[PDB]
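The chain below stands alone and is given as structure tokens, in the form solved without the ligand.
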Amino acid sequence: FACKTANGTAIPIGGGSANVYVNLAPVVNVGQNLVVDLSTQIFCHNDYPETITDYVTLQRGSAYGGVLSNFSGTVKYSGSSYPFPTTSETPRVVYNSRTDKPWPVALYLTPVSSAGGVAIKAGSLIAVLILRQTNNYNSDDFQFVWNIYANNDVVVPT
């Protein structure tokens, strides 16, 4: 099992970490959502799908920087919604093909009432999403740590 990002980088068999940059709506009002859909950027596959089933969870989602201080949010994983930052490891998604399949994670972030001005700075760390992968064959239990960075400033009008 391993993962890659679109025109990006890879995390090899056995896990590891990578940095992922996201484009954000440059202006978001209180009451609106910034939707950060990682399913178009992070893809994973099963290396032995004929004999082994891989199981993949969102182990944890954490907020950093301007997202931690200026937004409230939720994360959607494979059709289910959760608080972000997360409070538990999600149920598992099965990976059963060598064909790259999206990791179905999206953040829905909305400004808190105190946000104003530049609420997320370009280039800054905004989140960490930890993917945990196991299987039905051996003791493999690996973390794929995705450090999420903003491409651009996000302004909350005042």
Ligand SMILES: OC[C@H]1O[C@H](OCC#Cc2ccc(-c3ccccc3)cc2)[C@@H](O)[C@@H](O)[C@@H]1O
The other form holds:
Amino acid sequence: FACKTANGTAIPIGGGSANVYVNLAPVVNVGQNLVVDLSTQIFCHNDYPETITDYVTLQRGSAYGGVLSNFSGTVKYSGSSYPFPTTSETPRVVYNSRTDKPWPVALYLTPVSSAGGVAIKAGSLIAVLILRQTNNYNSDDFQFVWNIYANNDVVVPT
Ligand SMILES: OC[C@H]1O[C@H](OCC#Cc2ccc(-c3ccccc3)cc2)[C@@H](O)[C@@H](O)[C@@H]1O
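Cool, the form solved without the ligand is there; where's the form deposited with the ligand bound?
Expanding to the full complex; the earlier chain stays at the top.
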């Protein structure tokens, strides 16, 4: 089991950490959501699906910088909503193919009432999302840590 972003940035068998740069809607209105959809950038696969089934959760999610200060949010994992920062571990998603499939995580972030102007700065750390992988074969229990950075500024009008 291993993961990557499609520009080639990989986290190999056994886990590790990687950085992900996300394009963000440059204008987000109060009352509406900034959607940081990591399922369009983070992909994973099972290396031996004929023998082993892999199980993948969102173990931990938290916000940083302007996301932490200027937005409040939830995280959707595999079709369901959870508080952000996360509390419980999510249900597992099964990975059973050598063909990469997305890690189905997205943040839904709405500006706080006092937000206005440049609310997220280009280059800043905005989130850390941790994927936990286990399987039905042995005791492997690996963390894939995704450090999420803003590729661009986000402005909240007014
Ligand atoms: O994505 C599948 C697995 O890939 C990595 O482990 C590599 C392996 C293996 C493997 C395959 C077959 C056997 C095997 C042993 C005895 C008899 C038959 C098959 C043992 C280990 C590692 O990332 C595991 O955590 C993950 O579940």
